[PDB]
Each structure stands twice: as structure tokens, then as C-alpha cells.
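One chain is shown next in C-alpha cells, namely the form deposited in one PDB entry.
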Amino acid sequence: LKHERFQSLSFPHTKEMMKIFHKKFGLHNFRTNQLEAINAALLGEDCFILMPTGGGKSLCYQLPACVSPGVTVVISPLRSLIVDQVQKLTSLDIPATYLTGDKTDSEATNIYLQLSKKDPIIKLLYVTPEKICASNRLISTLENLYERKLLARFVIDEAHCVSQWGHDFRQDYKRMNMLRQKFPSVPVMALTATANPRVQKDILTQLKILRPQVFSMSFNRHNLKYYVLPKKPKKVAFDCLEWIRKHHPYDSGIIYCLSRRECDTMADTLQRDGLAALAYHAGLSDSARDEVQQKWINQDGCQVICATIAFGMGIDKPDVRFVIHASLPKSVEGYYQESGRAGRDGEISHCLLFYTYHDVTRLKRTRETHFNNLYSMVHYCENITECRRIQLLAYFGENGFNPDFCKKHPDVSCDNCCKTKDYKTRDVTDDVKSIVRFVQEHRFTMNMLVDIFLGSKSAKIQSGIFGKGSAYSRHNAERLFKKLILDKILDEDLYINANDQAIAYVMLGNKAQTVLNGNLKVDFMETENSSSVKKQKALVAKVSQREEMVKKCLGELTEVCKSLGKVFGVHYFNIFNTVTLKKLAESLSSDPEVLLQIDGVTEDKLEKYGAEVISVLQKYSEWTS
């Protein structure tokens, strides 16, 4: 839809809402369907948010919570996710906390104390699903908020967990409907990063949200570079080692393995070559598992985790710079969600799939449908021409996406689109007209036409289009006529002779005439043959004196966040996110009037984290032009 209705700033809350948006969160401009969804939520509407990873779903309910009487209750599937959000909120001086269960009864009761006072300073109250089900202690508190009209809304994060059709089904999410029974008056809000429409639909039916406002979005991952690479067996680990050290020596990443064993093996092989790799799966003791996620999330002695897909979903950080699938994913849907969680922080990240058909026989060893999905994954890997962004979205039936993306956004081009980045698409409607006219006048096979069009001495006819494509490759000439058959401008019918010998010849297609009228134009891209590709001059843009200083500055800025983290007892990225930091460095300014103009820089954060950051930026004061 298009929510023109929810786009207005005439609303009563708009004054207060923009105040928190600018001064508390530190943001400047709303992204797609953010203002619309926020407005709607603050009008008491039932909202259903569909946005890809890193879209900006948190703002869609966190901002409304800050500008509402009472507390918003957010259901999350994992305390890890909960902990990260609460850490983000308290870092912005937004009162919030959680009852996951590992909070001792003394602390737990103290929470119930603050909620009972009916003067709560707390806007967000995160909660786990089994807690509501198991603890009848929490319920009797919420009921009191309900009576005083202080239950703002029920936010259901990761809403795809209610569906058995989802990549992560959870039993307790089915029991969330009992929360609405006791509290019907309360606005409900569901968010998910699932692109699967079949799952998206089921969420609403299962959670039984009756005709909500649906805020959808393009599930294209704007900041992910999709790579498929040839998997020469027995040197996967070496290729991961080679790639990582070349592109991301000092950044975190994930390598997905099929088995608990391949995790252990992959981690070992990488380790003995000097890479800080660790294995991550359910086979680990609870002490080990906790130790892995401690080291990886905080970037303390671990760069890469070698995890099973099942277990890798259980933890996350926003600045994952690369995700590698060591084998062949079970499905395209699976692969998209797995590689999608990379680069949540919005910075460029890499998605590398190592492919061999050998893995198919491997993977081969409604289960009939399970085989179908596998082959669709194989089709994705084998397809080395069509833009990989389109291949993924086509699997979900997403409509609207412009195939111009990788060309307009070189920094995040897929490998397929990297091949053709230098080729120019031109209009050849003239030549097509000539061709259609030639065929219309005259029994020719496609190849016969190609020869004539090229100017071969093997050409039967020299009258019409002969030599018209004298500046075409035989490779391109053949591609053009191939294109014309596909685009229905030309057609092909079988001709049989003496003994069942079938020979195809070119005729006009239904879309031929519409070209002569001038209503249809065709665009053709001339490409090199595979055995004819010329190498490219590797030498890249030279660094400038200022560009050298932002790197060094950003480096120091990063450490300041790392230190501030341990001090304030918080993950280093819940201080300043990657984009905020990168932009601070790009300003090189110590002038607070310029810093506050950057996304993520707020008065509170620049007050309690400011001195250290401004200090570093002062050193480069004589470069701030």
C-alpha cells in the first residue's frame, strides 16, 4: 500500500514525537514506512511491520513507547536479543529493562515495585515468551497497569516464531494469544524480518490480529555483496583464510557448517594457520558456549565463529562484516535469512556461498518438497549471469525491484553484475526493425540470419541486413538473435522432412509488429565471450592526505568505544554504531554543533561519552576541510 494518510505531521503527538526523534535518538530523516508506522501506532492502530534486517524496525515501536502514557511490553524470543536492545536504550537514557528469568528475585521484585507505583519512568519492558506462560507473577502486575490505562501496547518482536512454517518456530509464541484475552483494549504490534509471504500471512492468522495496518518494504539487502564461488574441496578453509585476511583481517564474521563436526574441524584448520577461529554449536558445554559468544560479540580473542545454522541463529551482533556458507544451503529461503543477518549496522558486508554439485549428492543423502527447495538453491548457484539480488527476490515473488541496482550502487554489486560493470547497454531498435523486415519478406534458420547479419562469406543472401552487424562479435550477434526469440519479437517453428528430421527456422513473433509501430524499443548489452574476457588494470585510486587521516582517526574512535564499553558495562557497539563512528571520523571536527548533526549523536551520549571522543578528534583539527 501507500500510507499517505499516516504521513501527515498535523497530528497532536507530532510535536512531542519529533522532539524525541531528534534529541533522544539523534536521527534526522525517517526511512521507508517509519514515520507512517510510528504515527499509526501512536493513534492506537494495530500495526504489522515487514522490513528486512537492518531496515529500522526498532524505531517503529521504541520511539512510540517514549511518547506514551505507561509502559510498552515487548516480547522477544531470546534474552541475548533483549539484552542488546536494553543496552542500546539505556545508552540513550531511555528507561527500560526486562524479566527474562535469570534476574534474581530481589532484582525481579524491584522491577515489580517500579511498575506498581503507577508513576513509572520506564517506557520499554522487554519480556520472554515462556515467562508470560510460566510466571503468573508478571500478569498480576500488568493487570494493574491496564486498570490505570498504562499498558501502552504489546510489541511482538520476531513475530515469525509463531509459525511452524518459519525458519525458527517456537511453541511459546502460540500461547501469546492468551495475552490478548485478558487485555483486549491494548494495541498489538508485530514485527518480522521474514521475506517469505507464506509465513508473513500465517503470522497474522495465528496471532489472530484482525485486519491490521500492514507496513511492508522491499526485502532487498542494500548493503550486502552476494558472492558465489567455486568450491574446490579440501581447500575451503584455505580460501576462507585467504579471503578474510585480504578483505577483513580485523572484522568479525561467521562461517556456517553442516555438522557439529565440520565446525570443530573448520575451526581447528583455521586455528593452526593462525586465525582466531572458534566452533559454535549445541555440542559445547554451557561454560564453553557462553565463553565463545563473550569473545566473539565483544571482539575479544575471536574473529570468526564456525557455527551450525541452527546454533548460529541463536546469537548476533550488528557489525558482522562477512558470512560464509561453507557448503550448500538447504534452501534459498534459508540462505537469504542466514546471510541476511549480516551487516545489520548498515555497512557493506559480504555473503559468500561455496558451491559444487558434489555437495548436492552430499545434501541428497512433504520431504518431496524438501528436495525441490534444494534444487532451487542449485539453480541460484549455477546461474552466473542474472543479478543475484533479483534471483533471491524472485523466489519470494517480490514485485517492483529495478534491475539497475548493482550498476547504480557499485560498492554493493553482486559478482554476476561485477562481470558486466564496464559493458554499455545501447538502443538497437533500428537494427531490430531491419531484422524483422528481412524475415517478413522471406525459410531461414537462426544461424543463417546471424551469418548474413555478420557479413560472412558463408552468407546465402547479401541483399538486406547483410553486414549490418559487421561491428558485432559472433558472440554478440548470436546473443541478439537469442534475445529476440526470448522477447517474443521473433519465434521458432519446427520443420520436418524425409525421415523425421526436425529443423528449426525463424519466423516473426507476436511482439514483432508492435516494434514496427514504434511502440516497443529494445536495449541490448554487448558482452565479451567467456573465453575472451580481457583482464582489468588492478591499480586502484590513490589515497589523499585527508583520507589517510579519517582511517587513523576512526581507528582511535573505535578503541574509545571499546574502552567505554567495558567501563559502562555495555557492548562496544551499543556506545556508537559503525555508521556513527565512520561519520564522526569523516568530519574530523571537535565542534559539537557539527557532531550533533550526525545520526546517532545525542546530547546525553555526547555528554557521557563526549570527552574521550572529542579528545581524539582534536588531534586532527588542522585537517578539517
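The term rigid core refers to the maximal set of C-alpha atoms that superpose within 1.5 Å between the two forms. Numbering follows the first chain given and starts at 1. First, how it differs from the form deposited in another entry.
- Superposing the rigid core between the two forms leaves a single residue from 307, 152, 189, 89 with a C-alpha shift of at least 2 Å: 307.
- Relative to the superposed core, residue 476 undergoes a C-alpha shift of no less than 2 Å between the two forms.
- With a cut-off of 2 Å and the rigid core superposed, residue 221 has a Cα displacement that falls short of the cut-off between the two forms.
- Once the cores line up, the CA of residue 123 ends up less than 2 angstroms apart between the two forms.
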The other form holds:
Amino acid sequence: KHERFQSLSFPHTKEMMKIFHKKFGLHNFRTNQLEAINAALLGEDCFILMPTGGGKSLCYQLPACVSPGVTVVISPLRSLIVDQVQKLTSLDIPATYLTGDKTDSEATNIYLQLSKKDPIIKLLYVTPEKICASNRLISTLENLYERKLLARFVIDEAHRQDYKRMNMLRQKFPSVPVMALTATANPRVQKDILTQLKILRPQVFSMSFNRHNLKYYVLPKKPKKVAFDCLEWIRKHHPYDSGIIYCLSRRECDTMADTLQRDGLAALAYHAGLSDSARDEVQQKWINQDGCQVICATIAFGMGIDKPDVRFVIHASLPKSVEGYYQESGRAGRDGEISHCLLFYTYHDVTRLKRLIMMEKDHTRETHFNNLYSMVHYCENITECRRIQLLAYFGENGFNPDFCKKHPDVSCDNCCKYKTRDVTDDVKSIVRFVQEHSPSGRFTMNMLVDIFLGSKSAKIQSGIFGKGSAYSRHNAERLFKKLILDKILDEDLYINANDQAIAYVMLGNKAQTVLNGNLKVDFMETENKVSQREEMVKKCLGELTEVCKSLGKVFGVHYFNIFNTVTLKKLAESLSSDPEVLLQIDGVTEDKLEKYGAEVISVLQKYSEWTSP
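Moving from the form deposited in one PDB entry to the form deposited in another entry:
This part shows the chain on its own.
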């Protein structure tokens, strides 16, 4: 499995390794990086599957530096292009972009530079619409191609009027290699991407999509106190760190933001109800940690944000699909540092999302109900490892269920925290009871749970009243939720006089199958320091961060593009002002110590006494 691509004896190895160490300041290759770098430098077409934060950028940026000529990178978002170019400029790697969001005089200047004997530009980032609308671009690529200075085509996020366009590039310039990258976890989509690009004999580099540093939690939601719960959890676990709070509605964003602001927390709301410039202002404040620590957002927020130091993502209400949850929680810890993914769950939010699906135009309504049901299952599954649940959902099996046990510092709540019964007789009695009391039904799920348990609060004291005497309230609630998810029972939403969605229970499509036929129902029962030096290291880190923020203002660059969180962390841990020591740190380079070194070394020299333990 790519054994030939594991060699460090190729004619290219020496210049490649020197660029790895001297330009990038790196020391060790991550999974499949060396293999993909070697394959690309040999002129092989590559297909790379890595999760977010895996290190996909190096796979084309290191070869781009080694190769003579220009590596053309096709990317869909202007913001992701701007951020990549900032990283490369910071490292003194000649890079630029053409997105339309460039002056006509400035774009013409990029074409002028590209047509020179030595184009100098190693990486050119383009938007997919430039492949079709820019004759000036294609004529420039034609010129580079005739001169053997078109090194590679990169499709940074491979994900209609995009794929036929990338195929146009291959037909126009067939001898230039192609590298395609994707972070999509969906195994059928990974196959569709690979077959659709139709690349000749591709080298395919894939790996586990398990984000080792993401700690997944699901907590019961107290709807009237969720904002105070988020607030307390933030001040206890991440008072000085950036985060996102995902909320179901625009009003809930404004409420969440207002509550946090009243406690002195720098929080801002982000939803489509805001103007485009107001949204842009919120996003920039949040990325730069400048007047915004917490973004309280609807699904309107996300696409095109690569902030590497998000320490928490809180879902104040569950999302509408597992894919959405995976993408939203996935915004956390892109730098590999421990980050938290916390979801506040209540079944009441499920029927709030069910009324959102009932407001749409259609089979597509049944699809969204199914996707939602898959998300409710993840919430209700308080037994299986949260990592294994998400991975199994995206066709990744064989994964170690002992991961959260082997690495307890990044454990999910299910691994930190079981029987079985043939309840078919009980469900047959529930089904015959809701048949007789079938807005389309007479009772809600809560009413049904009271009756079943034989509660004094029950609205009827006959039929199934007390039938569930052997179940606890928690198990009776779980039993009824299971029947709705299993389509044995169904819910009809009724809008009351206060615009509240009320779910009345009726028979589902599988009710006649449980009684008439024999659909056996199985239910499973459940029950629910410090050091003087370490403190100085912590103090030095805050100072080092402030340095990057002031340098960021003067260079017109995001602070994390000066030095990332891992580099900053390691720099603070060293407490050294000696370059010989600083150059062994990942991301520390001669070019960066020249640019930023004076400001960085002046902070480190103040901790001179604590350098040696």
C-alpha cells in the first residue's frame, strides 16, 4: 500500500526535504503526506481523502515549491482562498489569486507577471467561474503550458457547472497532473467524486475521519435555562477561548447573544435577518477575536470559515441531520488541540424541526424526516461511543471502540458513562389504545407517558393506565420515542392559539404490521495541580497571542497566520529566546524569525528566569 511512495531516496528528496524544513518549518510528516508528496512530484494524478485539519494543504503546497512553474488551485470560496494566500505570504512563498474580487489593473498585472521568463508565482488560486469567463486566464495558462511552466491542477475541495469545467481544463491541458482533495465523509459521495473526475490511473490516499481532539457530549436541555447553561459551561471550561453556539431560530440567537452580553461575555448573533455587511462585521470580529468571543448562529453561518482555534461548538438545539451536525461540530479544533462539541437535547426541538419540514415544498419531505430521525437516534443512543456512532453513520466500520478508553483526555460522554426485553405485548396494547383514541389523535406523547405509568396526572385512568408500572419515567419516555422513530406510532402537528407546535400521537405506517402481522419489538432498558513555570508558560502564551494580534493589524493578516496556536503553544512552553532552540519548533522558520522574531523574542526574554526547571 503505496510502499514505493514511502522512499527518501528519490532525486527530488533533497530539495523537497530542504523546503519542508526551511520554508515550512516542519519536522514530521502526518499520515499519507510523504506518499502523496512523492506521488505528485513523480507526476502521478492524486486523489486525497483527509478529514478537516488533517493537513491537506501541504500535499500540494510542498510540491508547488519544488516544481518549476505554477500550481493552479481551484477553490470555490473567496474567503478560503484569501486565508491560504495569507499563510503562504507569511511563509514568504509567492502566491496570488484571481476571483473577480481583484482590480482590472491588478488582475492584468498578475497576467503580466505570469507571462515573464520566470513567473515567480508558485501558487495561483482561482475560483471555478474563472475557468470559463476569463479568456485572459486561459490564454495565460496556454502560454505557461507551451513553456512547460503549468506544474499541476489542484481541486482543493472537490465536493454541475464546476465538474464539466474542470474536465474542460484536462481536455485543454492533458499533460498537466491533477490532484483532488476532499474532506467529505460520505462514502458514496467519495466514490462519485473519484469516478466523475475520470483521472487516468489515480493514486488514492485515504484515512480515518476520526478527529482525535474532538470531545463529543450530549446533555439534556432545560429550554428556559439553556442560555444560562451555555454561559456557566463557557466560564467554567473556556472563558478566554473562541466558540460557536448554534441555535434553531433567529430569535434564539438574539436571546443567546443578549444573555451572554449581560454577563460581560463578548457574544454576537449571526443569522439571515442581519444585513450582508452586518454579517461580515460579526464574522471578522469573531475570526480576529476582536470584540467577539462567541458567535450565536443559525445554519446561515459556517460555509467558508476555517478559523483554526475554535475551542467549542455548542448546539443549543439539535441540528436537522447528522451530516449537518458533523459539519457544524467539525468547525471545532482544526489545529489538533482539544476542543469540545456539546449538544443540548430535548425531544420538543424535534417537533420544532418537524414544523420547519412541514413548511417546505415536495418525497424530499420524507428524506428530511429520515435525516432528522437519524439525528434523534444519535441523541437517544446513550450507550454506543459518540465517535463510533458518527463514523458508522458515514460508512466507517472496524474503528477501535476502545479509543476513548485508551485516550481518556478526549473521551466522549457515552464512554465515560443495559438490558433487553420483547415488549411486543406492551406495544400491541399501546397501538390498540391509540387506535381507539384517534390534530388526529386525542393525546400527546407526554399524556401517553402519564397514562402508561399510571400517573395521578393522567388524562384517562383506563386502558393502558398503569400498564407500564414496571417502567421508570425515563424508560417509558424512551419507549414511546422509540415507537415514533420505528414508525409504529406517528405525530400530527397542531398549531395552537400561541403559534406552538403540538404533537398528537396517532398510528404510524407500521402499526397494522405489529398487530396483524408479526413485527417483534425489542426495547433495551437504561438508567440516566499547577506549577510556577506552567503558570509563567500560560502567561507567556497570552503575551505571544497579543504580539500576533498587533503584528496581524500592521501586516493586514489574521493573527493565526503570523504563528498558529500549536507554534505559539510550543514557543510558550520553551520559554527560550535562543533561535537554535526556536528552530526545532514546528512552524518556526528563519523567514518568520526575521519578520516577527524581534516582537516574539522580546516576550520570551522576560521569562528568562523560568526557562530552566
